[PDB]
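Read the single chain below, which is given as structure tokens and is the form deposited without the named molecule.
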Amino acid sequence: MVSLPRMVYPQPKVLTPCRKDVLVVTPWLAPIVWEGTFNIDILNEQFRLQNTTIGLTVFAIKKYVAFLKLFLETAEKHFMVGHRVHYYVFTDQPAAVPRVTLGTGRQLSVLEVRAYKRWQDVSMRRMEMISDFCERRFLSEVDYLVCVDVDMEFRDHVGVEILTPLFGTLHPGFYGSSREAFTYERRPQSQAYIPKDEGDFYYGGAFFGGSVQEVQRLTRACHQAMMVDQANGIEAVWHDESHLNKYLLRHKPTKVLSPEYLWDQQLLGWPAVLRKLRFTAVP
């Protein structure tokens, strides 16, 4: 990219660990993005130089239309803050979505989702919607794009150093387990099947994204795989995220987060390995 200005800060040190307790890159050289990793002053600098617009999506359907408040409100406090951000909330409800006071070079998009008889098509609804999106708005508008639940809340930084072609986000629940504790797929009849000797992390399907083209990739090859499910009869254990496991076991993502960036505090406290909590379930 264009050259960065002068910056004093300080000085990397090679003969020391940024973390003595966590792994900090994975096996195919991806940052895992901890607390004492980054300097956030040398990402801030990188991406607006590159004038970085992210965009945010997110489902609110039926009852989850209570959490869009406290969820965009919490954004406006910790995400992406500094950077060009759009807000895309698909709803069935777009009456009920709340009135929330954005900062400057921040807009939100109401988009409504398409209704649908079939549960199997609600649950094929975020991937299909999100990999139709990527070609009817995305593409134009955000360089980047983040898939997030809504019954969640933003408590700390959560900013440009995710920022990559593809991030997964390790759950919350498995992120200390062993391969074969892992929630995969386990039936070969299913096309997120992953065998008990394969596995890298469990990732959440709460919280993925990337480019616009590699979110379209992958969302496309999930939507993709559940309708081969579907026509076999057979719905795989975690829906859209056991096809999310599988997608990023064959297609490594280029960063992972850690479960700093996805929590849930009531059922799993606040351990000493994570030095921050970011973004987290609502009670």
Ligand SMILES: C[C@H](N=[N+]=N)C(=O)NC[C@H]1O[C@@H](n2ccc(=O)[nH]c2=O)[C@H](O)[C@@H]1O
Second form
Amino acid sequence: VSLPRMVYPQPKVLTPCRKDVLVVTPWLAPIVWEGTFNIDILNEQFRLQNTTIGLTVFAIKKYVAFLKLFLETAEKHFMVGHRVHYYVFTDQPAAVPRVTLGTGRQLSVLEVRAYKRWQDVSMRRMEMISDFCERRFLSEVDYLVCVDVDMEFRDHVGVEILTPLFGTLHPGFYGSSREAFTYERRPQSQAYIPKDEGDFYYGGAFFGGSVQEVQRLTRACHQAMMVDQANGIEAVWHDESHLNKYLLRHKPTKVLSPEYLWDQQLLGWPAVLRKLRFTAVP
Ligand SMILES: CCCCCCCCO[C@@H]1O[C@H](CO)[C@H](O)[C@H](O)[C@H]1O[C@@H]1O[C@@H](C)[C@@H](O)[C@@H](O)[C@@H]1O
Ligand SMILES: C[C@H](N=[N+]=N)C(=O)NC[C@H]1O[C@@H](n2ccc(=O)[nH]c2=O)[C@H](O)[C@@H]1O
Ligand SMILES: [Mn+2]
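For comparison with the form deposited without the named molecule, would you give the structure of this protein in the form deposited with the named molecule bound?
Zooming out: every chain and molecule, the one shown earlier first.
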């Protein structure tokens, strides 16, 4: 489907869009920072495809408290103008707040079991996302975005992120050398990455892609975690460690800057971040 006539500033071939950051990976995946995209062009492209975006979030045990702000702020900032399906995984159906949604947006509550250890609650998201990539997501959405719940949206998070497979630069380590990355370093774990390998340290709190690619990632991470469990080892940063192994070996087709995953209490507001889009609740 052809784009309509649009009036916007001409791209400047001989002017970099950012002079302070890397905006494309060495495998030619865009790194998404403010100033790299014209959202009007992208909105047109994705609306003409009638794109539906699923957003998964786990609110298990006491984390149900985070849902109200998460959903209210998602309504202000997440894929506004596009079709959205929220999927709230919880052990407490009745504790999901009644948040008023804009048109073309819906929410499903998916009841799941609560594991005792926070590590297992975090890790079993991979299994649960993979399982539902079959039950619901393949028929209901085009893309999945999988995030932590103890967060709020403060600025635009839109179709600029959508791509077959994306990860997000962890806010603690975007300026770190690979040897300093907290990858799993024990060869006995499936998540093992040697000191001389690694592109980026991706945050477990924000990843996504097409349903097919998210199914692949989440199943791979789950199956890897089950191998580790059988061998009596648990990766240093749990699902995040396995996510990082997967994305090393299967390069993402976009990488999101730390604008998309931030903690202002711990890290402030650096000049390199023109926007703080999705942030930790302090
Ligand atoms: C090196 C510079 C020294 C400073 C390093 C600052 C980042 C530390 O970050 C932790 O990183 C871990 C991996 O190594 C896990 O991803 C953990 O979930 C994360 O904590 C999370 O994200 C943080 C941003 C906070 O929101 C914290 O409350 C979260 O639990
Ligand atoms: C602080 C934390 N710790 N744990 N695990 C965490 O953020 N875990 C990742 C996500 O796992 C989910 N979670 C974790 C523990 C829990 O009791 N309930 C829950 O929903 C939330 O969606 C969290 O955002
Ligand atoms: Mn957390």
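Positions refer to the first chain, counted from 1. Heads up, when I say rigid core I mean the largest set of C-alphas that superpose within 1.5 Å between the two forms.
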{"property": "Residue among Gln93, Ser123, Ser109, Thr183 with C-alpha shift of 2 Å or more between the two forms, core superposed", "result": "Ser123"}
